[PDB]
Structure formats: C-alpha cells, structure tokens
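Let's start with one chain on its own, the form deposited without the named molecule, as structure tokens.
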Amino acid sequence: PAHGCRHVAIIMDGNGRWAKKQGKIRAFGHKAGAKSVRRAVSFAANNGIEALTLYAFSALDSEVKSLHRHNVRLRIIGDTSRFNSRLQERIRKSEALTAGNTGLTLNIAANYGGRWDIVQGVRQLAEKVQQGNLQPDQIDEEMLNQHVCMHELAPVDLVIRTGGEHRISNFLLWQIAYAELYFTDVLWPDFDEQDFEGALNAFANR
C-alpha cells in the first residue's frame, strides 16, 4: 500500500482487436483475455488491493476452486435474474463458497449497467417507502449509497480502461464520482503486471 489503492475497477477492452491484429478469430482473443484476467487477479491479491471489479466489455469458469484457495471472496454484480437457472445456482454456489473469505474481494460484472445499478437501489429505497418505514425527504446521498452495488467495499479509487476508448460505457457511475480514471491503448490480453504497476503509480500522484 505505498500506492494506497484499495479498490481498482477495470474495463477489459481490446480482446477482439488483439486477435485480429494477429489474423486470428475473436475466440482466441477471449482466451488470451482470460489469461490476462488471472494474471490481474493474482497481481491485485499480491499487492494488497482490497477489491478488484472487472467489467468484460464487447464466458464461464473453473477458477472458483483456485480463487477459494487464495482466500478470494467472489461476487457477481449485475442482473443475474434472467440467466438460465442452472447458471444462477452455480453463481449462488460459488458466492456462498467464498462468502466467508477474507482476502481480495473480486467483483465480476455480468449483465451489469451503471444506470441499472442505481435504479435497483432506488427500487429498494422505494420498497422501504411503501412499507411506511422511511420518509421521502429523508433520502440522502449516504443513503442511496448504501443500496448500490459494492457499498460494503472500499470506494473505487482507480478505474482502468484498456483498448483505447475513452469512455465509461455504462459501467460504474455512482461509484466513480471521485475515482481516478486511467485510460490506456494497451489491449486487454497484453495488459500485464508492469501495465498494472504503471496504473497504480499514476494513481499515487495528485
């Protein structure tokens, strides 16, 4: 924690382009990006990062065993409701397995949108209104902040986007109010331990 960064969020763009530059099809890029994911997760866990939130931008897993091993707590954020029910149980089971883990919290955005995220936290507040439990004039920023995804973690300190586009693309919105935004042209499958080091270094400075 020289870098002092508790919660990094990453928009992992560039898989497709990475594959095309090599004359390979899209699928090769995705497999390469998966390897980049494991590399990043390791890095975060070995550098005292408290939370890493990953957004795969334009799937599945046997990593859970390995994550659970490294005391990583796994959370899926997004609208899982529509997922075919086998999928939902698998997610639930992976979350329940690692729920008591105390190392890195790894949030993996799936069918996630920043606006959806805010909207659903609004529903909850609007729920506790109808129950007559809370007044409409009582709603403040801290309030609505306790009902959006990852309210329980440290605030997002750093958002990295690879692949060259300079936009949020409906990823976290409420939660990035004060975050450092770091954009790199590096494509996601080449984004390595030094690039991640590069990013944290730049967060340090203000």
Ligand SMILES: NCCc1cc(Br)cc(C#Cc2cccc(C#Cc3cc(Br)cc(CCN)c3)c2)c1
Second form
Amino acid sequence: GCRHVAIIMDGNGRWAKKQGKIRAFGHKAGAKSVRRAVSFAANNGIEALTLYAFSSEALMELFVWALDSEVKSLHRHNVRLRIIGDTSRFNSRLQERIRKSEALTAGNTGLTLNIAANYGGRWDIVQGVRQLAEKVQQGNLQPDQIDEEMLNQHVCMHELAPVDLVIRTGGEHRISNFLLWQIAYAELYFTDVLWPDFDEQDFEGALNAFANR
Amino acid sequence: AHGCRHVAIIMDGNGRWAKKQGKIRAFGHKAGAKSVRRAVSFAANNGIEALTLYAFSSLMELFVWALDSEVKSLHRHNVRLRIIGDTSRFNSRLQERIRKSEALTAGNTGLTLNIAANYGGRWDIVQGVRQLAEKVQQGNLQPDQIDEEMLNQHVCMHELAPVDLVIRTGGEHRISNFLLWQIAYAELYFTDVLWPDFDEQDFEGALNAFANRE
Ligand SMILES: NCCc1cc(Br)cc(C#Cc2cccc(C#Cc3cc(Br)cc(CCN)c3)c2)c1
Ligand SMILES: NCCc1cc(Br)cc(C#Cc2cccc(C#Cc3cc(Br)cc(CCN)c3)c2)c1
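Having seen the form deposited without the named molecule, I'd like the form solved in complex with the named molecule now, please.
Once more the chain from above appears, this time first in line as the rest of the complex follows.
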C-alpha cells in the first residue's frame, strides 16, 4: 500500500517554452495538472498527498491565492487541506484566509492534501530545533533527552503516515531541499515528463515502481 | 572538469552479487572490499576532494575491524581517513584503533575518505541539535539565533565541500537513512550495477553524468 505520496512538480516553465507560450500559460496548465493528480489520489485511496510548487526557473503567495477558489470543492470532496512552509511573512489577509481554509476542512476524513508554500526541508528541521531550544532555555528539557522520536514530533507532517514515495517530474534528479527528514526511507521516482503533462498513467507508473520495490 | 568535489556512495548489492554466483555472503563482502579499494583509488586519481562510503546490504563492527587492515595502505596513498557515525558504544579497543587511525592520517593532503559506521542521517541531525541544546543550556546561545547556517556547522562533514553527487548501486531507489541534511541539493544517481561490479568506467559514467546535468 502506498499511503503518502509527495511530488516535486517541476517543468511548468519548460513546458510553456516548449509550447511556444509565455510562463503564465505553463502555470495555468500546471494548475490543471494539480487538479487531476489530487482527483486521482482521492479516487485511489491514497491517505496523504504532499505537493511542492517548484520550478527550475512572492510567486509563492500568488500560487496559494490561486488555490483559494478551489477550497469549497476540496471540502465537498472530504479533503483535509494544509499549507506547510513559512507563511509568517505572507500578507496578513492571505494568512487569515489560509487559516480559515485549514479550519474549514480540518474535520474532513478523506485525502489530506498538504501544499508546500515557501517550504524547505532544512527550514522545517530548523523550526523544530528552535522549538526544542525554547524548551531547553525554559528548563523544561535536558539536552540529553533530545532523540529522533522527539525531533520527529516537531517536524511537519508528524501526525500523518510516513512518506512512502516521492515523485519528481521535469527531468532533474535532486531533492532540492524539499522534505529531508521525512524522506529517510521513501522510494524516489524520477520522470522526464513535465509537470503539466504528468497524468493518471504517469502516476500509476510511479505507484508500480513502489509496488515492485 | 567533472565539477565534483564530494561524492557519497551507498554500496549496495554485495549479497545479491554472491547469490548470483552460487556463493555465500562472505564472498560478496570480499568482492565488495576489492571494489572499495578500486573506488578509493579512482577518486584519489581523479581530483575528488572527499568520498564518503556507506556500507549497506538490502557485521558493522566487523566491517570497521576489516578496515583497520587497510589503514597503512590508505596512509601510503596520502588519504585522510575519518569515521562518521555513532561509535560511542563500540567498545574501547575499537574506539582507540579508530582514534589512532584518524590521528595517523589527519596530516594527509590527498583524498579525504569518510567511512560511515553505525551512521544514520536522522542520528546525525539529532547529534547536531544536542550540541546546540548544550550551548543553549550553558546560556551561550539564544534559540532565535539558531538558523540553517548554524545547524549546518554542527552536522557531520560540515567542514568539507558540500556533497555534489550521491551514487547508489544495487538497483534500489532510496536514501535508506544515509545523509539527509547534507543531500538537499545533491545530484542523485542510481544504477542497477551491483557494488562488486561497479568499476572505474561506471564511476567515470556517474561523474560525467553529474558534469552534464549540472
Ligand atoms: N484558472 C486557474 C487558476 C489557478 C492558478 C493556479 Br497557479 C493554480 C490553481 C489551482 C488549483 C488546485 C490546487 C489544489 C487542488 C486543486 C484541486 C483540486 C480537486 C480535488 C478533488 Br478530490 C476534486 C476536484 C474536483 C474536480 N475533479 C478538484 C486545485 C488555479
Ligand atoms: N579483503 C577482505 C578484507 C576486507 C573485508 C571487508 Br568486510 C572490508 C574491507 C575493506 C576495506 C576498505 C575500507 C576503506 C578503504 C579501503 C581501501 C583502499 C585503497 C586505497 C587506495 Br588510494 C589504494 C589502495 C590500494 C592501491 N595500491 C587501496 C578498504 C576489507
């Protein structure tokens, strides 16, 4: 069973150029590919889908704004929506809308969809270390008590199934400081397919790799 | 020219290679050792600064005993040897030989060779965090001064060139809790060749793939 899939969605800008169009056309087709992947995962019983907006190449605030009009429909589809990443300097109106959308869907029991916005795997670790360091300073924690289990409880997604499978589209063979801690034991699947062309047969191919493993 | 300063290798496939031969595991480990010597020599000869090796089969303390017999040869090839991993419960005779071997070769100016022994990427992060937490408890460090650059200065190999390329032999596509923090920007190169068969032309092929893809 593949329970939690993460995807680095690369290739939108490259796709646009290949189609003889401006960058925005690649964004729009990438967004259609997000909808199709989220639909596929919810239909195939995947528990959690984590999507990293990234291009080989403020644009992150725009990307999250564009999701705002999809929330009513995610909710109807029993999807729990979370944004992961450092949103603490987004505009306050967008922060409040993120907070409202998360709270709206927080009770849902279908697919959990994590959208990584201004996220980095080293950042994620550092935010968990800062928390532990506040506890040490307060005298609530001994340095020698800090262990893997404890750090784990302070990194993103710790309440969800372990990441089983990471897919990167677009042809590069790197993690690019997406999840680090969380991918210790995950299957890594690289495809040259550009994100806007990545479809249900491509997702199924990746799921086969994992099942062969 | 290839552009790689630090290569790290997950050396998988020794058990499979011996099973293909109708031989027991020991024979794959012996062939895997011959392939280590060959890789270390190829890296030293091709301008790599650092090579970091993780012995894995999809026994530990015995791997490191085995390495002890190679230390005089590494020294003679101007290799600087370091062990990375939690060797604190290896007992004292082993720990001491480890210490003497690092001391002997620390002055060497050729390749730096890091051998993982009882190493995990999560463990490595946690040890760094514990050093930062001691500094907080001494009153020396504020939690909000802790940033990536600072945690970077506390993980294994922080003083060496960043890892540019990770090779995993043996056909599995996974990191298996070998270096996490350090591989955030590294090229990942997976090959179905089994470790004992991975030779200079395969190593050349990985470096040239990194040069072309970077
Ligand atoms: N006019 C395009 C505006 C735009 C720009 C950019 Br950039 C991004 C988007 C977007 C999006 C999006 C992001 C996350 C999730 C989804 C979804 C979805 C979804 C999930 C399920 Br389950 C079911 C449905 C209904 C259609 N099958 C839709 C859609 C939209
Ligand atoms: N032959 C079986 C004994 C054995 C068993 C096991 Br398990 C492991 C080993 C090992 C090893 C090891 C570990 C780290 C480095 C090396 C090496 C080397 C080396 C490097 C250069 Br440069 C040159 C040479 C020999 C070239 N004259 C040799 C060898 C050795």
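C-alpha atoms forming the largest set that superposes within 1.5 Å between two forms make up the rigid core. Numbering follows the first chain given and starts at 1. Residues that one form lacks are left out of the comparison.
Core-superposed difference between these two forms: one segment of three or more residues with every CA shifted 2 Å or more, namely 59 to 61.
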